[PDB]
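Visitor: Please work from the sequences and hints to get the whole structure.
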Amino acid sequence: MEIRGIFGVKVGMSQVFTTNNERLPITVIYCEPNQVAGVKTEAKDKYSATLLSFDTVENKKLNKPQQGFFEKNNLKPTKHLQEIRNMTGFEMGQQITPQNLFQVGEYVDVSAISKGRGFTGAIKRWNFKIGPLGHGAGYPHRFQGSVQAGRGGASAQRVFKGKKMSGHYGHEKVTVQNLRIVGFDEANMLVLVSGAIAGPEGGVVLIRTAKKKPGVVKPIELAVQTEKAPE
Amino acid sequence: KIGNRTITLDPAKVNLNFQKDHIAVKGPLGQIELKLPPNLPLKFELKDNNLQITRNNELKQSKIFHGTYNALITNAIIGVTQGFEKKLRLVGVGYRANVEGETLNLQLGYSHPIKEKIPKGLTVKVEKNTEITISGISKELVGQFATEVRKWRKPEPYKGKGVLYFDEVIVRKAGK
Amino acid sequence: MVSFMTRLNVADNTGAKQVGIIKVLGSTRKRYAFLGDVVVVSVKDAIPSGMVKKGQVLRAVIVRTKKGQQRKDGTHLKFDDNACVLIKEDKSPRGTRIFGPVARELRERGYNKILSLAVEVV
Amino acid sequence: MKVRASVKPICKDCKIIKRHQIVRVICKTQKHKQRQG
Amino acid sequence: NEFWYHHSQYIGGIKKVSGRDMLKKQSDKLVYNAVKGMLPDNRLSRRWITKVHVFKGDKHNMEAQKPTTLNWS
RNA sequence: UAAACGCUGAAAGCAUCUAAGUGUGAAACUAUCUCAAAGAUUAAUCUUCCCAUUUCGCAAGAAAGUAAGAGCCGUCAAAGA
RNA sequence: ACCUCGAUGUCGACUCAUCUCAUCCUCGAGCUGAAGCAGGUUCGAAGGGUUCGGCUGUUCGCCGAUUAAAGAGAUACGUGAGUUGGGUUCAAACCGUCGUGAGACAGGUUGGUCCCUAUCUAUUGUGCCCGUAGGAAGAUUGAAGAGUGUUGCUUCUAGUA
RNA sequence: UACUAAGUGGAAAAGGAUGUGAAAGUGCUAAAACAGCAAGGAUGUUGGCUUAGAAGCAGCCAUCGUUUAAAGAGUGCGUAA
Ligand SMILES: [K+]
Ligand SMILES: [Mg+2]
Ligand SMILES: [Mg+2]
Ligand SMILES: [Mg+2]
Ligand SMILES: [Mg+2]
Ligand SMILES: [Mg+2]
Ligand SMILES: [Mg+2]
Ligand SMILES: [Mg+2]
Ligand SMILES: [Mg+2]
Ligand SMILES: [Mg+2]
Ligand SMILES: [Mg+2]
Ligand SMILES: [Mg+2]
Ligand SMILES: [Mg+2]
Ligand SMILES: [Mg+2]
Ligand SMILES: [Mg+2]
Ligand SMILES: [Mg+2]
Ligand SMILES: [Mg+2]
Ligand SMILES: [Mg+2]
Ligand SMILES: [Mg+2]
Ligand SMILES: [Mg+2]
Ligand SMILES: [Mg+2]
Ligand SMILES: [Mg+2]
Ligand SMILES: [Mg+2]
Ligand SMILES: [Mg+2]
Ligand SMILES: [Mg+2]
Ligand SMILES: [Mg+2]
Ligand SMILES: [Mg+2]
Ligand SMILES: [Mg+2]
Ligand SMILES: [Mg+2]
Ligand SMILES: [Mg+2]
Ligand SMILES: [Mg+2]
Ligand SMILES: [Mg+2]
Ligand SMILES: [Zn+2]
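Protein chains in written order, with the entry's author numbering: chain b, 1 to 231; chain e, 3 to 178; chain j, 1 to 122; chain 2, 1 to 37; chain i, 74 to 146.
Calculated from the structure, these hints are not laboratory results. C-beta: ideal position from N, C-alpha, C; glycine also. Be aware that one or more of the hints could be misleading.
[Stated by the list, open to error] Below, in silico cross-link-like pairs of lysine-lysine (BS3-like), each with a Cα-Cα straight-line distance of 30 Å or less:
no., chain 1, residue 1, chain 2, residue 2
1, b, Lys161, b, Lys173
2, i, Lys132, b, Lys40
3, b, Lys79, i, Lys132
[Unchecked claim] If you anchor each label on the Cβ, the simulated ranges turn out as follows:
no., chain 1, residue 1, chain 2, residue 2, range
4, e, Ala14, 2, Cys27, 40 to 48 Å
5, i, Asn144, e, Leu42, 23 to 31 Å
6, j, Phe4, 2, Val3, 44 to 52 Å
[As the list claims (entries may be wrong)] Reference excerpt, derived from the structure (chain b facing chain j, CB under 10 Å, subset only):
no., residue
7, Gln15
8, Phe17
9, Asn20
10, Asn21
11, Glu22
12, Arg23
Guide: Printed below as a string of structure tokens:
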């Protein structure tokens, strides 16, 4: 469908009080003006997408093939390159900011790389149960769980593919859907998104139109303090 | 038998163009198009005011087709010349229907409003709120409209409530 | 968060000094009961001049919690003891008075009689 | 509808047909619809 | 009435497609699998099934090979 | 599409959901949602950058002789045994 | 009585579950001795879910309070190179009973050692080498796949049919 | 040269079915066949015991006769009947 996308860097999390008396936790995203580096058409390519360039850097910090591509396409040198599917309607070499893409309070989804956690066990990874601690116990306390499917020639006699055991956890792309944009800051190029965004502070973040609610925009307005300085 | 049944038609306004697999019938009303499936085991002949369908063999499907398409030609000619009509008696305590533009809307007993789109070539009229008349030139299409209107409220056996067919009797039950 | 087999106090006039939780009513494996939740209980410490007798299984609604809960504006309400009052099918209190303060989460889940018979709502 | 290994007419109005390669019994009385013949 | 079956190494990964679905969605794969099934289990059968270029349309990017035309083969 | 209900219709002048044709229909099935994926050896597509020497003979030949890039090493942590 | 007595660890519980449908709930439909509500039976359907406690080693079972439901089975009556050892079944001791006796009882009771550093394969993760036919740096399509899929209450419709 | 339409072949019983082919007989039919359609489809009477009542359609006493083309103490539904 008509999917709109922007790229930014998560800077932290705060809260804002809103009218209708709710305290909304928010995530703050620093969104640089993104530059459309390429447009790929359905007829000529067999699919349609828009590839932008963001996180600009000096020319001495870029490799020779990438800087050659940037100077051939007449673009600002940037070290980050990525595309979104089904993004159409933007001319090549046009600066795009989230203000032109999304509305004040529309629903969007956010994709980001999860915080790395390393080699984790079965319980921390698959929400498994821990074995009993008292009344007598054994060496394996944080046991993964018996992986027996069948013992004997008439049964599996093997661990089934895709078993739930210990392994790498974190540093993986994850998407959280139906997050309402709260506010735009043109001067600071700063987007406010309700809820919690995955990834460490300073990581890359992709804001896309929500596929569950594409056109739904739920109103949200902030509260103006009525206080007065001392009388 | 239907296959060896005369189809005497007057040449006043009804003509029947017989192509390879596209039979066209034109008359007082709109034109009806019939598709002939490939390798049809039955040849038509077009004399003066008389069409006769003959077959080549004694196959089971041959006999079935010979009867079926004689009936189809009869139905097409009748609909082209005089059309088909169906009558629905929508009866109940607060049941009523009416026609707005191309959509027929009904309010039987449902919180959500009920609307229904009318296909091309069929005209549905509502003289009285409890009465519906579906007039068309193709029997199967008017029948489909009648049954899809009926599906909203099938006649229950305990009382008379429902979208009944005309001169249609239902078995009565006494729910004390 | 009052849970299964939790002893709590009754804040009404009914003769029941200590009451024990039996089931967190409402669904399957409902782990906890927060403010405004209804539970099935058994009277364990009672008095001679009381409407209820020791051992009866009854239905109650919780009004206070030591753990507390957080509202939408961000205020965290926290009492110092878990308390419940005995209610009837109609959601009407069994006692004629309510002792101490009660939460406002009752207001959301009906329980208008409980609020009107309380000393002060919080 | 009654699913039985053997289907036979109950009244004189019950009529046996073969639909979708399955023999069924249809009749005016809906108590007598049978299948899986 | 006739089904084509493909099982992944997981449990429940048995995908079934009817003859009509195969004839519409992927017909090239159906012909490829049918030809492969008629070959001996071998290390040369891999190359043999490789030399079969099956296309779903009249067009083909293989006109540079100047392939002769024969019917019903 | 299953169960079920059909409209038009003969074999079997009636009837008939079916044989041709045309529908409706479930948390089941195929997609829509999330993730990973060209070692998919059937190894795919697009963009950019760098190679394009002198001699001898033997050419996906030799002696030297030509760049993009990558690695070793060091400081590290959005990562991590 | 065919495999195993140059050893295939046997009940129950815990952890992890997977599969089948003869379906407990949710989903669709036919009949009803179906007015409505709530039911009964049959057909289709295995995607998900299918509770906590008291007594007993218990499976089972009875009882209590909930739930939409508290399904039937298989997988060495799944699972001790994963845990426990309450039970059975070592040596100790007593009761009832049998025996003249030493002793014995699917009669009862108290107590009583559960080993192994993973080679292959299977699986969860993460790498080196090489191939993809010049090399390298980027961005992609997606053949074959994996993951999730549960449901309740209140209000309105409407005290309307 | 025939048969099967079930992937039967390529596993199964008691039982059920206008699947289809072959054969051997028998009834009617262009003095009109079968189905369907259009008409009539009776009288004593609603017979009588019997049953609160049955009287074309409760059990009976049985299971009438005429007119007439045909008609039944009825074919069911159904009516206290
Ligand atoms: K042995
Ligand atoms: Mg030990
Ligand atoms: Mg320990
Ligand atoms: Mg074997
Ligand atoms: Mg095996
Ligand atoms: Mg019909
Ligand atoms: Mg459909
Ligand atoms: Mg090779
Ligand atoms: Mg022997
Ligand atoms: Mg053995
Ligand atoms: Mg051995
Ligand atoms: Mg051993
Ligand atoms: Mg062992
Ligand atoms: Mg079943
Ligand atoms: Mg699905
Ligand atoms: Mg105790
Ligand atoms: Mg067994
Ligand atoms: Mg076992
Ligand atoms: Mg078991
Ligand atoms: Mg046994
Ligand atoms: Mg084991
Ligand atoms: Mg064990
Ligand atoms: Mg051990
Ligand atoms: Mg072992
Ligand atoms: Mg022991
Ligand atoms: Mg011990
Ligand atoms: Mg002893
Ligand atoms: Mg003695
Ligand atoms: Mg593979
Ligand atoms: Mg077979
Ligand atoms: Mg038969
Ligand atoms: Mg025969
Ligand atoms: Zn019948």
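Visitor: Please go over all the hints and tell whether each is borne out by the structure.
Guide: Hints, verified against the model:
Our distance criterion of 30 Å between C-alpha atoms is met by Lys161 (chain b) and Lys173 (chain b), whose separation comes to about 23 Å. Restraint check: the Cα-Cα separation between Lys132 (chain i) and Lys40 (chain b) comes to about 24 Å, which is no more than 30 Å; the hinted pair holds. Distance hint between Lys79 (chain b) and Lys132 (chain i) is unfulfilled; the C-alpha atoms sit about 41 Å from each other, more than 30 Å. For the pair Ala14 (chain e) and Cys27 (chain 2), the beta carbons lie near 45 Å from each other, so the given range of 40 to 48 Å is met.
Between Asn144 (chain i) and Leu42 (chain e), the C-beta spacing of about 28 Å keeps the proposed range 23 to 31 Å intact. Separation of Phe4 (chain j) from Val3 (chain 2) is about 47 Å and conforms to the stated range, judged on CB atoms against 44 to 52 Å. The interface hint given for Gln15 (chain b) holds, since its Cβ lies 8 Å from the closest Cβ of chain j, which is under the 10 Å cut-off. With its C-beta approaching chain j no nearer than about 8 Å, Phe17 (chain b) sits inside the 10 Å limit, and its interface hint holds.
The beta carbon of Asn20 (chain b) comes within 9 Å of a beta carbon in chain j, closer than 10 Å, and the hint placing it at the interface holds. At its closest, the beta carbon of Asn21 (chain b) sits 5 Å from a beta carbon of chain j; the interface hint therefore holds under the 10 Å criterion. Using the Cβ-Cβ criterion of 10 Å, the hint placing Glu22 (chain b) at the interface with chain j is satisfied: the shortest such distance is roughly 5 Å. Proximity of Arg23 (chain b) to chain j holds as hinted, the smallest CB-CB distance being about 4 Å (cut-off 10 Å).
Comparing the model with each earlier hint shows a violation of hint 3 alone; every other hint is respected.
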